Amino acid sequence: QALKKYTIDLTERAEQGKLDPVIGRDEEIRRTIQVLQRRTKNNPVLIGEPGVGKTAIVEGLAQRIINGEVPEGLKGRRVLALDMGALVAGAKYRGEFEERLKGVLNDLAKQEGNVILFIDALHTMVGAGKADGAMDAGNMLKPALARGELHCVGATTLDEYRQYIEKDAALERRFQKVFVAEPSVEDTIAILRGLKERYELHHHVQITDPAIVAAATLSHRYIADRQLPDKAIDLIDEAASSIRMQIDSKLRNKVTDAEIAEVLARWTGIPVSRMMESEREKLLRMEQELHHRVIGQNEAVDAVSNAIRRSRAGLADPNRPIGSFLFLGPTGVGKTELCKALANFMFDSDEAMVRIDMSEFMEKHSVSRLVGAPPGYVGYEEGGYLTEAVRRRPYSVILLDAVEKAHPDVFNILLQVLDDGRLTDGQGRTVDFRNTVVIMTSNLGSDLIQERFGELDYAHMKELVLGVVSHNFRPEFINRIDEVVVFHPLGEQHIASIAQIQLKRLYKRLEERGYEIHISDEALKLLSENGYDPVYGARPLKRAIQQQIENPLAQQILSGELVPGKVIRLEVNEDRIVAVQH
Amino acid sequence: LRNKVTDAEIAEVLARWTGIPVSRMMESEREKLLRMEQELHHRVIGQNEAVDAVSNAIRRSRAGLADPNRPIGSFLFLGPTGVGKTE
Ligand SMILES: Nc1ncnc2c1ncn2[C@@H]1O[C@H](COP(=O)(O)OP(=O)(O)OP(O)(O)=S)[C@@H](O)[C@H]1O
Ligand SMILES: Nc1ncnc2c1ncn2[C@@H]1O[C@H](COP(=O)(O)OP(=O)(O)OP(O)(O)=S)[C@@H](O)[C@H]1O
Ligand SMILES: Nc1ncnc2c1ncn2[C@@H]1O[C@H](COP(=O)(O)OP(=O)(O)O)[C@@H](O)[C@H]1O
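These protein sequences, in sequence, are chains B and C.
With the entry's author numbering applied, the first sequence corresponds to residues 159 to 408, 527 to 858, in that order.
If you count the second sequence from 1, you need to add 526 to reach the entry's author numbering.
No wet-lab data here; the hints were simulated from the structure.
Don't take each hint at face value.
As the list claims (entries may be wrong) - Dumping the calculated DSSO-like pairs for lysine-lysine here, alpha-carbon to alpha-carbon at most 27 Å: (1) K530/C x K199/B; (2) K558/B x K780/B; (3) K530/C x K335/B; (4) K163/B x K325/B; (5) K233/B x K530/C; (6) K176/B x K260/B; (7) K354/B x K530/B; (8) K801/B x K780/B; (9) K842/B x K801/B.
Work out the full structure: start from the sequences and follow the hints.
This is the structure we're talking about:
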C-alpha cells in the first residue's frame, strides 16, 4: 500500500537485528515514551547538537519494542521511519504531493493507533512541499498532530531547530522538546565498550580496552570539531581500518592506544605520541638543540625546555596553556631567534608559526583586529586573525613582539587567554588555546640590564626587572605569566659563534649554488671587529655580514670569477676580505 | 508507589521540562544542599564571607523565598588578584 511506498519499518529491521545495539540514554528514552503515551500532542522531538546519537535513541527504542522491554501499551507497535525524499520526488504536478501525504495520513488513521511515526530531519519536514501555492508538510500534518492522532517522533539539530521550526511557532508548539545532551566521558566509555563487538565482527581484529578509554579521553580533551560519542567512534573505526591495512598489505593484530595517538597525530598533529627513543632522546637534548641555533642566553633555554618537557610528559596543566612566557632583554640578542628555534624544534620550520608584532597595535581598537568585530559591524563574517589562526592549527606557537609599543589595555584579551586558554571571537564561539605557547618580548630595563648584568646574580636582576615590569604592566596580567626570563648582552665569543652559524648556512646555500668555499679565521676576526657593539648586539653583525659578504662575493660570482669545484678561501685584504680561486 | 497525580508530580515534570529544579527535595539532594558552606570548602578554602553568602542565596532559591521577578544571584565579588573568585 502507500505505507510500503514511502515508509521504512525500523522495527522489522531490528526484528532482523540489522540495527545497532544502543546502550544507555535511559531518561531520554523514558521521556520519549512518556510523550508517546499521551492524549494530545504525542510527539517528542530529539533536539540535540549534531552527532550525539539522536537517531540511535529511536533505534534503541525500536529494539526495546522488539525485545518487549516497554510498557504494555507499546507492546507490538511499529516504528516507521518516514521518508521525505520519497514524498517530494514524484510531484511536479499540482496536488500530487498532497495526494501522497493525505493517503499516508489516512493510512495512519487506519492503523488504529498502532504505528509510531519517526521523522528524521524535522527541519526537512518544514520546507517539504514548498511549491508555488502549495502546502508544506506543516499545513497538512498540523491537523492530525494536535488531536493526538499521529505519533510522530522528530529528530533535529538545535541550530536547525532555531532557523527552521522556531521561525514557525505553530508547528513549533506541536512537539515536545527533548534536550539530548552530549554524554560525559565515562558513559561514552561504557557505550564504546558496548560497540566493541560490532567492530570486532567487522574488521576481524581486536581492540585494547585501554585504547578505548584513551580514545574517549583524548577525544574529549583535544578534538574540538565534533561531539561525543561521534568523534571517539570515528577514532576507533579509522584505527581499525589502519590496523587492517597494516596487516593485509605487508606485525600486530590489535588496536593499541599508540595507534589511537597515531590516528590523532595524523589527524591534527598535537603530539600525543608516546616517547619513542628518537623523540625522547630528542627531547632530552632540548637545550643542546636550542644551542644549535642560539648561542648564549642559557636561562630562558632552561625555562622553555622545562615547560615543553612538562607539556610532553603528561604533566600539562589542563586549563592553562603550555607556557605563558615573557622575554626581556636589550635590542638584538636573538629573542626572535629563540622563538624561531622553538618553531624549528617543534615544527621543522621557522615560519610554521604565528608571529603578531604588537608594534602594529599602538592604538587601542586593534583589539578588534585580533579578536574580531561584533554582529552588525563591518568585518563580522571573517573572524579575528588570531582566533582563526589558532582555530586552524591549535598546536602552534603564538608570538607577541615589542610588547611595550601597544596601549596597556590590549591585555585583557590575554587575561582570558592565560587564565583558561579560552578566547571568544566576534561570532561568539570559544577557541581552545590549550595547545599554545605565548611568548612576549620587550626591551624594558635594557639600560638597567646593560648596566648591571655584570657583578649581579641572575635572581636579583630578575627581581629588579620584575619591579620595573610592575611599573609597566598590571598586577593581574603578570600573575598569569608562567615565568619571566631575563636576557643579557653577549660577549664577543657569542657573536663569533653566530658568525660561524652564518658561515654554515652560507656554505649550505652556496653548496646549493654549488661552490666549495672556505674562509680565513682572520676574516672571521675582522667580521667580529666590524659588526660588534654591546648596545645593539648582532644586528650590526647582520648588516656587516650583509654588506661585506653579500656585495663582493655575489659581485664576483656574477663577474664570472667563481668557478664551481674550485677551493675558494675567503682570505683577507689589507682592510677587506678577498676570495681566491684555487 | 502511587495511584494519583499530585503537585510534586507536576514539579517533577516541569523540572524535566525546562531544567529548573522545582522538584521537591529528595533527601540526598537536600542533605547535600545543607552542607553548601562545607561543600564549597573542598575547592575554595578560605573566603568564608561569600561562601556563606552564596550558600544563603541558593538556599533562598531552593526553599522558595526568592524574589520571583529578579534573578537568584546578583553578586559583585571583589578581591585581589588570585584569591579564588573565578574558582
Ligand atoms: N547510546 C548509544 N549506544 C550505542 N551507539 C550509540 C549511542 N549513542 C550514539 N551511538 C552511535 O553514535 C553514532 C552516531 O549517532 P547517530 O544518531 O547515528 O548520529 P545522529 O544522532 O544522527 O547525529 P546527526 O543529527 O545525524 S549529525 C552511531 O554509530 C550510533 O550507533
Ligand atoms: N581559596 C582558594 N582555594 C583554592 N584555590 C584557590 C583559592 N584562592 C585562589 N585559588 C587559586 O586561584 C587560581 C585562580 O584564581 P582566580 O579566581 O582565577 O583569580 P581571581 O580571583 O580571578 O583574581 P583575578 O584578579 O581575576 S587574577 C586557581 O588556580 C586556584 O588554584
Ligand atoms: N643568540 C643568537 N643566535 C642567533 N642569532 C642572533 C642571536 N642574537 C642575535 N642574533 C641576530 O640578531 C637579531 C636579533 O633578532 P631579534 O630577537 O628580533 O632582536 P631583538 O632582541 O631586538 O628582538 C636576529 O635577527 C639575529 O640575526
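Hint-by-hint comparison with the structure:
1. At roughly 22 Å between alpha-carbon atoms, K530/C and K199/B fall within 27 Å of each other, so this suggested pair holds.
2. Note on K558/B and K780/B: the hinted pairing holds, with a Cα-Cα distance of about 22 Å set against a maximum of 27 Å.
3. Among the hinted pairs, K530/C with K335/B is consistent with the structure: their alpha-carbon atoms are about 25 Å apart, no more than 27 Å.
4. Under the criterion of a C-alpha separation no larger than 27 Å, the hint pairing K163/B with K325/B is inconsistent with the structure, at around 31 Å.
5. At most 27 Å may separate the alpha-carbon atoms for a hinted pair to count; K233/B and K530/C meet this at roughly 24 Å.
6. Our distance criterion of 27 Å between C-alpha atoms is broken by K176/B and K260/B, whose separation comes to about 31 Å.
7. Taking the CA atoms of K354/B and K530/B, the gap is near 12 Å; set against the 27 Å cutoff, the hint holds.
8. Straight-line distance between C-alpha atoms of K801/B and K780/B comes to about 16 Å, which keeps the hinted pair within the 27 Å bound.
9. Between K842/B and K801/B, the direct Cα distance comes to roughly 24 Å. Compliance with the 27 Å bound is thereby established for this hinted pair.
Taken one by one, the earlier hints fail for this structure at numbers 4, 6, listed in ascending order.
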